[PDB]
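Asks: In case you want the letters, here they are:
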Amino acid sequence: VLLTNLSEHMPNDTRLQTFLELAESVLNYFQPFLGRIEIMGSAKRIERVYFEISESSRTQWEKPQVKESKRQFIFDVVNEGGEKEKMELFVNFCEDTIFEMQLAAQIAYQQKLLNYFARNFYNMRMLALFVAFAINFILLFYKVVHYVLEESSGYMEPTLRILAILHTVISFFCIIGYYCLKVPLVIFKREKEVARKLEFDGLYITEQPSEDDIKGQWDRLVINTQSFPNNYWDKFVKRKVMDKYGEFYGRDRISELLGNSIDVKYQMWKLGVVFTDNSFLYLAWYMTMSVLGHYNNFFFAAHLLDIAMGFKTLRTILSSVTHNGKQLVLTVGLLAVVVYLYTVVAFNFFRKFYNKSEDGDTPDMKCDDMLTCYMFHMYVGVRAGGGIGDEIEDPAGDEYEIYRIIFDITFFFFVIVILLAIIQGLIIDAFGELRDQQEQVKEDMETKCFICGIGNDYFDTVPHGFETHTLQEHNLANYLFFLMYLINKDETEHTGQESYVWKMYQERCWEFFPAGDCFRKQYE
Amino acid sequence: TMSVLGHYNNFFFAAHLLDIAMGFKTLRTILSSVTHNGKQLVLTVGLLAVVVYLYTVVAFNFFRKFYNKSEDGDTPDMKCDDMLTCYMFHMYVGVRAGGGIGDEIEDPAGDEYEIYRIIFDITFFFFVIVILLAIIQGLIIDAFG
Amino acid sequence: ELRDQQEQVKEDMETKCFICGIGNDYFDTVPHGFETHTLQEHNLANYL
Ligand SMILES: Nc1ncnc2c1ncn2[C@@H]1O[C@H](COP(=O)(O)OP(=O)(O)OP(=O)(O)O)[C@@H](O)[C@H]1O
Ligand SMILES: Nc1ncnc2c1ncn2[C@@H]1O[C@H](COP(=O)(O)OP(=O)(O)OP(=O)(O)O)[C@@H](O)[C@H]1O
Ligand SMILES: Cn1c(=O)c2c(ncn2C)n(C)c1=O
Ligand SMILES: [Ca+2]
Ligand SMILES: [Zn+2]
Ligand SMILES: [Zn+2]
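Respectively, the protein sequence lines represent chains A, B and C.
Numbering-wise, the numbering used here puts 53 at position 53 of the first sequence, and it's gapless, one number per residue.
Numbering-wise, the numbering used here puts 1044 at position 44 of the second sequence, and it's gapless, one number per residue.
Numbering-wise, the numbering used here puts 2026 at position 26 of the third sequence, and it's gapless, one number per residue.
In case anyone wonders, no lab produced these hints; they're calculated from the structure.
The list that follows gives simulated cross-link-like pairs (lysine to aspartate or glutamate, DMTMM-like), each with its CA atoms no further than 20 Å apart:
{"no.": "1", "chain 1": "A", "residue 1": "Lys-86", "chain 2": "C", "residue 2": "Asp-2028"}
{"no.": "2", "chain 1": "A", "residue 1": "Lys-356", "chain 2": "B", "residue 2": "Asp-1103"}
{"no.": "3", "chain 1": "A", "residue 1": "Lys-67", "chain 2": "A", "residue 2": "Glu-55"}
{"no.": "4", "chain 1": "A", "residue 1": "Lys-143", "chain 2": "B", "residue 2": "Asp-1077"}
{"no.": "5", "chain 1": "A", "residue 1": "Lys-326", "chain 2": "C", "residue 2": "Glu-2007"}
{"no.": "6", "chain 1": "A", "residue 1": "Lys-356", "chain 2": "B", "residue 2": "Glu-1106"}
{"no.": "7", "chain 1": "A", "residue 1": "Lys-143", "chain 2": "B", "residue 2": "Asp-1082"}
{"no.": "8", "chain 1": "C", "residue 1": "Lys-2016", "chain 2": "C", "residue 2": "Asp-2004"}
{"no.": "9", "chain 1": "A", "residue 1": "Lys-366", "chain 2": "B", "residue 2": "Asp-1111"}
{"no.": "10", "chain 1": "A", "residue 1": "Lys-67", "chain 2": "A", "residue 2": "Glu-446"}
{"no.": "11", "chain 1": "A", "residue 1": "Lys-143", "chain 2": "B", "residue 2": "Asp-1081"}
{"no.": "12", "chain 1": "A", "residue 1": "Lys-84", "chain 2": "C", "residue 2": "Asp-2028"}
{"no.": "13", "chain 1": "A", "residue 1": "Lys-356", "chain 2": "B", "residue 2": "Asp-1107"}
{"no.": "14", "chain 1": "A", "residue 1": "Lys-448", "chain 2": "C", "residue 2": "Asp-2025"}
{"no.": "15", "chain 1": "C", "residue 1": "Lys-2016", "chain 2": "A", "residue 2": "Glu-83"}
{"no.": "16", "chain 1": "A", "residue 1": "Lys-84", "chain 2": "C", "residue 2": "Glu-2035"}
{"no.": "17", "chain 1": "A", "residue 1": "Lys-84", "chain 2": "C", "residue 2": "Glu-2014"}
{"no.": "18", "chain 1": "A", "residue 1": "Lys-86", "chain 2": "C", "residue 2": "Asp-2025"}
{"no.": "19", "chain 1": "A", "residue 1": "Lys-84", "chain 2": "C", "residue 2": "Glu-2041"}
{"no.": "20", "chain 1": "A", "residue 1": "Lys-356", "chain 2": "B", "residue 2": "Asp-1072"}
{"no.": "21", "chain 1": "C", "residue 1": "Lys-2010", "chain 2": "C", "residue 2": "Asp-2028"}
{"no.": "22", "chain 1": "B", "residue 1": "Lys-1039", "chain 2": "A", "residue 2": "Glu-433"}
{"no.": "23", "chain 1": "A", "residue 1": "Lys-366", "chain 2": "B", "residue 2": "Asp-1107"}
{"no.": "24", "chain 1": "A", "residue 1": "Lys-84", "chain 2": "C", "residue 2": "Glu-2011"}
{"no.": "25", "chain 1": "C", "residue 1": "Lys-2016", "chain 2": "A", "residue 2": "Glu-80"}
Extracted from the complex, chain A is given alone in its bound form:
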């Protein structure tokens, strides 16, 4: 570090170069370990910082529980979320990702088994799909009561009965394995958001949140429990509120409010936050059809919709229906009224044309009943290609001839041409827009620096120039390793920077991330 810290700080020194060059088995041994950041260090001028990256933590920014959490976060902040909480959303990501890298290290005999399932989750939900093809390939051979036939050999229908009871087993081993891989994380982001709300702000003492914000009201059941911050690493949050609010209000009211055999009020609260978590319910519904898959074999054909949740350019299709969805109900709400408004006119003038019959000798079928004339238009008039002039007798020799051409030629030119274009239009332009936001993030991170926010133009200006600015000088992984490194340092051991940062991290100002300039934007 010392040989580095002069080469970075003082260039144009020929004495140091031959001095540096004989240490090349050392500097090119430690460059795996030499994490560099840049901060605005207390003097209104920006200086480098050098530290130690451990090796048990360089190999846990692999292990794709974390890399899944990175690519969700990176797409989260740079899409929406303004500058006033950009970096505050960064440190709120680095706080959680340390808890994942502790969870990744620990991943009677039951504890040995339970870590086999949380380890192999992504490699087991993939197996729960390949079985569901082999059910819905075998199930294609049915014939009519419904008995299966064979085409290959005699041993076909037992292999369905084997692969069906196997599928309930695997789909039960993918909500066990989900229960010990992601549920401890969503517990942690819930406990932080309650512990950092009653303490730094106070709501169960001062605000008392209303009947709106339901998840505020459910959190009231956990503060009376004993082992409250079970994952939030901060086991003295109970005493910090008493020393903060025990004098404006009673020291006895707070101690009533706060405080083989297990805690029961916490365990009732832990399940209360799993079942409203959105990604867990799909893992339940994917399992509860498997139990229903033995009452009838066809229910393993609803497991093919894991193609939808399981890919990327098919997850976007499924999301495009409800992305623009609020304008969608209001338009179908207009389409169902215009077709109704063309049913009142057709009922009150034109009963005599509506014959779905066969040439009059048949006891002719009519559509002179209001609800049945209504469902005649919605089922035949919309879905046709020419409007309503198809299933209506040809008007030629009639008193209402011109008064009925107008009734058809608007119907085609007001419902099928217009109103069933901007129904398809609000779905395709949803998919045409949502596939662009996931392309801008692919671009907005490759022509801008994340933490500086500078640009590819200024930082290029040398051969191979943006690459080194994001692989040495910022490299936002390093800003997470740095805040992992402060924790293992003793508080007496903090150097000059590492206790101006760590003090600022407690008060949470975040003025020390380099806002505008980096290093080369003030030197030369």
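Keeping the supplied structure of chain A fixed, place chains B and C with the ligands upon it in accordance with the hints.
Replies: Just chains B and C with the ligands now, with coordinates in the frame of chain A:
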């Protein structure tokens, strides 16, 4: 190698007309636009072939009695109550039509499943032909666009 | 097009000051910076 095969049959000199494709510019672009965006194309036809399958399981397990490609019952009536044959009935007739599946299905009027079968058709038109066969054409034209 | 003009007004008022006509870039430059320029310094209700 088609020219050598062009003497075993004269029609094989009609596969040499595709040198119009490799040989121009604004027709080389058409040919390349199919596979330029092609990775999202298989994943979507991979969804279209599953939704139509998922509407075959429902139609097989509830609605055999409507699927008559026959002539008025005195004919030894043709059915579609066989799973693979009901599947290729939807992929060949239900997609390529203009109104979904309410064309080659008998008109449901006096039935116990009347409202439960309008819903089976009006989604099929509003989930496969309107949506899913727009963003199949959409991934080809916006590739060329 | 008409659903876009009602989206630009939703944007042209949230990345510009109405009466200054300055922009979100210059007035941000501090933590929480455009919000106070339009809730104290101009806030066009106050001019009414
Ligand atoms: N501050 C930054 N930190 C890291 N990367 C940055 C930063 N600013 C811009 N980038 C760009 O973002 C890219 C990082 O995204 P990239 O996809 O390469 O990550 P990855 O290691 O490939 O993992 P994944 O593909 O899962 O995201 C870098 O190549 C870099 O060009
Ligand atoms: N000069 C300005 N005066 C007021 N608002 C401004 C001005 N310049 C920009 N703005 C932006 O316009 C927004 C005001 O529109 P906003 O929709 O918030 O009004 P509102 O109080 O919510 O009422 P309504 O929703 O009915 O318009 C402010 O939040 C501000 O960000
Ligand atoms: C113990 N501990 C902390 O003390 C801590 C932390 N993050 C911030 N702090 C302050 N983490 C993740 C942590 O485990
Ligand atoms: Ca010291
Ligand atoms: Zn930078
Ligand atoms: Zn102004």
